[PDB]
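Asks: Here's the letter readout for the chains.
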Amino acid sequence: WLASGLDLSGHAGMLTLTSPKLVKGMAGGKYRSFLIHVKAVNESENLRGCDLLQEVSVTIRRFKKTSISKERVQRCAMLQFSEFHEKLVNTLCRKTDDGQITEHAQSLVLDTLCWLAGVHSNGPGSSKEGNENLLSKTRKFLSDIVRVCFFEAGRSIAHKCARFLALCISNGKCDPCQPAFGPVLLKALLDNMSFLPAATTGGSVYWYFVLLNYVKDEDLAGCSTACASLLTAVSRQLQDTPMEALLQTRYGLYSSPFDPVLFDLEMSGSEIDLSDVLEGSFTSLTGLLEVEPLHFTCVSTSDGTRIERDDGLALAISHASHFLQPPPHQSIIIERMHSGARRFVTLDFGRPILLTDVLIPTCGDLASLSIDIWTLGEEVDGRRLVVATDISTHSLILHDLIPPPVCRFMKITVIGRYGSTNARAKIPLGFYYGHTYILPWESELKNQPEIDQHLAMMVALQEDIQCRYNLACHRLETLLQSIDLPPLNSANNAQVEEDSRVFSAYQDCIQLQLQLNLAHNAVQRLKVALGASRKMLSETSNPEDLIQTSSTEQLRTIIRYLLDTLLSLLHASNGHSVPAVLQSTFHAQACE
Amino acid sequence: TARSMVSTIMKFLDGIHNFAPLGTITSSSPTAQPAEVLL
Amino acid sequence: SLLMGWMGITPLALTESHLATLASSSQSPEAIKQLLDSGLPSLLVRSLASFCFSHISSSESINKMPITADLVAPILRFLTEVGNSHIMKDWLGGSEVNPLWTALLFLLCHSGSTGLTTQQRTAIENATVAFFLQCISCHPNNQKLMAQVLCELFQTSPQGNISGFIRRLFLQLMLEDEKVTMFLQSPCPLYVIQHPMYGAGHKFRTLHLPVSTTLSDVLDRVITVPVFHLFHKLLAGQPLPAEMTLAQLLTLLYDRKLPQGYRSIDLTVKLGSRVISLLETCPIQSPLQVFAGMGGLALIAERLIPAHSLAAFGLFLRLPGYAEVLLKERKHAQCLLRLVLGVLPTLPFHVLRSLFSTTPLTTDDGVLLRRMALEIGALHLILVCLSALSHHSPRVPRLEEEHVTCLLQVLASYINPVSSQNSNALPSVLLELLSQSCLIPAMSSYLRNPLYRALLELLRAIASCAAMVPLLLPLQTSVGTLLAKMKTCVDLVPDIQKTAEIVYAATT
Amino acid sequence: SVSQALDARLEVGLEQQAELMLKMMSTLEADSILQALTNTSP
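Protein chains in written order, with the working numbering: chain A, 1 to 592; chain B, 1 to 39; chain C, 1 to 508; chain D, 1 to 42.
Don't read these hints as lab results, they were simulated from the structure.
Any given hint might turn out to be false.
On the chain A side, residues computed to face chain B include the following (Cβ under 10 Å) [unchecked claim]:
hint	residue
1	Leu274
2	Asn492
3	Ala494
4	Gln495
Note that beta-carbon positions come from the ideal geometry of N, C-alpha and C, so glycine has one too.
Construct the complete structure from the given sequences, taking the supplied hints into account.
Replies: What follows is the structure in structure tokens.
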């Protein structure tokens with residue numbers, strides 16, 4: 001039906017049609033023509049069904065021709081013999097004794113799992129024995145794969161696993177003897193709330209909570225009591241110094257400048273005043289600690305357009321730190337605006353780079369924007385990233401490009417809104433996010449230094465920024481000792497060069513703390529790329545122990561995330577009777 | 001009469017200042033134009 | 001004495017509150033005498049030294065009481081709090097305590113990442129920083145002790161990367177000005193919990209201020225006209241100058257039987273009438289200059305706005321005697337070091353010029369410095385800098401004007417130190433090196449067009465040395481006749497005429 | 001909500017409707033949270 005491909009607005013849509021029986025019949029090398037039927041089923045211009053369509057478009061994409069001959073039987077082997085799929089599941093479970101499985105191999109098996117789920121999303125009247133076998137092997141080890149993908153992996157692997165699991169959600173045309181993926185995936189996710197504060201990546205738990213919030217509509221009680229118990233546990237753990245408390249009272253500075261480890265950075269283009277309630281989309285870009293920003297150099301500029309800025313080892317270390325910097329806010333100004341103001345700008349990164357996340361703030365005087373990427377020539381390898389036609393409504397957010405493209409030159413084409421007044425405005429360039437070092441496997445997708453020297457210089461940069469962060473902390477503590485400590489309780493605290501120097505010291509401490517955190521994530525990424533692994537969730541781990549031994553920023557982010565899930569769960573009742581389990585565990589003393 | 005803590009913690013919840021733009025104007029007789037331009 | 005008998009003192013276990021109370025209640029002289037007479041400090045320093053040795057031995061293998069990894073930062077804070085006493089600073093300056101310094105430094109430098117977590121590592125790092133700040137405070141014996149200790153650690157640095165502790169200790173301890181405690185007693189009001197020696201109310205003041213400031217600044221922050229005057233308890237009948245810095249006062253007090261290590265100096269403020277030797281004393285030596293006295297700057301340079309001047313400053317400070325003439329201006333030297341860690345570009349060459357002028361060719365220090373500059377390659381760097389600034393190449397067989405002027409001044413002071421056996425005082429290696437570089441073409445380009453005065457000083461300097469004369473011959477108008485022509489073109493005037501006549505006499 | 005913007009280079013892949021369904025999961029999350037914030041307690 002058309003409902004399996006509708007867009008978010010609902011006014012458009014797109015279907016990708018393929019089947020294993022298609023290539024099974026193409027294995028004979030006989031078929032060359034196809035028919036497609038549009039039919040309206042039933043249980044001013046009164047258009048019904050097929051007449052309701054306005055504009056139509058057809059494209060056909062071929063398969064990639066590799067260097068391995070007789071590829072037809074190789075592709076039909078996985079569709080005919082199902083023992084591959086369980087083996088793939090085994091490669092997720094780390095139960096095989098053939099060494100230790102790296103993150104790259106996990107990414108590859110998750111990619112081919114996503115591809116086979118996509119081809120099995122539409123099986124027309126075929127034998128679903130292989131599909132049932134792979135679904136059963138998924139449900140058998142669902143907790144193990146969700147643990148190794150959403151707790152012990154980065155943003156890319158967790159995003160791919162969320163894609164595969166929600167694709168298994170999407171094609172749930174199960175027989176009456178088979179249960180749906182919803183219940184079992186729900187139970188697998190609530191079997192792993194205990195290991196949540198011992199996670200690694202903010203984007204991983206973000207995708208985890210997105211999947212949880214979607215599939216929680218089937219069973220409500222278990223997710224509610226797990227969330228409430230973790231609320232109580234992490235809340236009683238997070239209460240355990242007067243330093244950040246004094247900062248919070250005196251200046252409203254809530255992020256701890258002394259805790260060196262963070263969890264994730266959340267930003268979006270969309271203290272809080274309490275008067276309006278007397279920011280929901282800000283979780284669109286998560287996990288910005290594993291990915292560092294870049295720098296911008298404008299090359300080409302259209303007519304009536306100007307890009308402006310809005311207002312010896314130590315030297316090499318300082319230059320590497322300067323390359324690892326958030327650039328100041330820039331923008332584009334237009335001299336003359338009109339209905340359909342076509343303008344064009346070009347951005348250069350200076351070297352080939354991996355691009356993962358992009359953010360373009362809301363521009364209310366612009367109709368549409370489009371971004372193109374290329375490395376060598378515009379007509380040589382230019383591929384379209386995204387064109388958005390509702391910039392005046394919301395902001396452009398594109399998060400965690402999988403597979404991550406490599407590029408050096410960005411092309412931004414902007415068309416202004418219809419009936420636009422001749423009043424000047426600003427189009428900010430936004431924030432671009434990527435990977436400074438290009439891995440060899442991601443280099444082969446589309447003078448490169450070796451891994452070891454890059455790892456050594458990144459470790460040296462991490463040590464130098466750790467020294468800078470420690471001296472910033474010492475300056476901040478010695479200066480903050482000089483705050484007046486009156487015996488006048490707190491009324492005079494809510495009632496100056498000293499304030500400005502404290503704000504500047506806190507800004508410097510926060511900046512160097514963020515730099516140290518993303519540098520540590522970069523060296524961790526390089527270490528797992530070398531062949532190592534991150535923290536292994538042992539089976540003998542006490543949940544309370546890993547609750548206590550977790551970083552405070554991770555606890556704050558996980559608290560906000562799962563009470564966000566609690567808010568969505570409370571709203572999911574549609575104003576009906578609230579379940580008694582979360583109304584009972586939240587008694588008077590628990591609430592207090 | 002001094003400002004206590006209450007005035008400090010209510011002042012931002014919402015040096016002689018003007019108050020004419022906040023209010024409205026009227027007259028007892030029907031004029032040819034309203035006097036809101038004065039405000 | 002009765003309180004000693006409570007915590008098992010005539011194994012042992014004291015919490016952080018126990019040592020907090022003990023360090024608080026030991027600031028009086030009788031209490032600190034009882035604390036030194038008791039064996040608790042000796043047993044604690046032996047315990048922590050044993051802990052440091054055990055942790056080093058465990059990391060490298062991959063009356064005593066066992067100290068864990070948690071209690072050691074609070075008891076180091078105990079050391080910081082008790083070190084206010086001057087006999088505490090004298091006791092920490094003895095050979096009995098020095099194992100504490102060596103053990104902590106070898107533990108937090110050699111033993112890198114029993115397991116040390118990052119939070120506890122930062123705790124020990126900050127506690128050691130506080131201990132080092134407390135030890136050398138107004139104590140010249142502790143100053144030279146720490147200088148010798150850090151010089152001996154930098155001497156035995158492994159052969160190349162410096163750990164984070166030693167780097168931040170260099171950027172922290174001797175890169176901030178020395179801070180002393182000011183105590184102010186006055187009957188008139190002068191406008192936190194401190195020791196009861198420091199009084200109470202607004203009539204008794206206590207500040208923690210850097211030494212480099214003077215009395216006028218601390219008195220500003222706190223016809224017959226009443227005027228504030230400052231008196232000391234060891235001085236009877238004389239006031240103190242307003243522009244007199246605290247280093248001069250500290251040296252005067254140390255020359256006036258005040259015991260060493262007295263952390264808080266006291267002053268009485270009185271009101272006198274005004275009708276509308278002390279300043280000439282030597283200042284304090286400070287830990288930075290004491291460390292630089294034995295050439296530690298070269299040791300840390302061997303282990304380490306235009307950027308080329310900042311890069312050349314690190315090479316320039318490796319010569320002996322460079323830091324002694326560098327420390328004449330403290331604030332700008334600290335600013336240059338702050339720019340090094342990550343007027344200002346003129347100073348790394350101006351200090352070299354002053355060191356050239358203060359080291360003549362009649363003594364061994366000047367010729368040793370010149371041969372070390374020949375060996376280490378400072379002349380190559382300054383010559384390629386002049387080549388890049390003047391856009392001229394060597395003869396192959398507004399800020400830039402100030403840079404060229406300063407470089408010419410450095411060369412002029414290098415040739416003749418007295419201008420700012422003289423024939424064999426400089427080797428011919430410098431002669432054959434200068435015959436290859438870009439001195440002659442840049443001179444011919446700039447001449448045929450202060451700075452002119454500096455170039456005439458360079459000319460009379462290169463004519464003063466007999467071994468450096470034959471460079472004046474061009475590779476066919478002589479420089480003397482040319483200079484006479486542009487002197488007549490220009491025609492300050494007596495200097496130009498005298499230098500032109502000197503160049504003409506040298507050419508003839 | 002969020003902008004109706006999706007990866008154009010990923011159209012050559014098979015998971016375009018996967019990313020579309022992930023994005024509408026995100027938008028329904030944002031809408032439900034805003035509705036829970038605005039609504040009072042009956």
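Asks: The structure should be examined with respect to each hint, and the outcome stated for every one.
Replies: Against the structure, the hints come out as follows:
no. : hint   : verdict
1   : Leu274 : holds, 9 Å
2   : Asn492 : holds, 8 Å
3   : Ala494 : holds, 6 Å
4   : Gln495 : holds, 5 Å
Against the hints set out earlier in the document, no violation occurs for any number.
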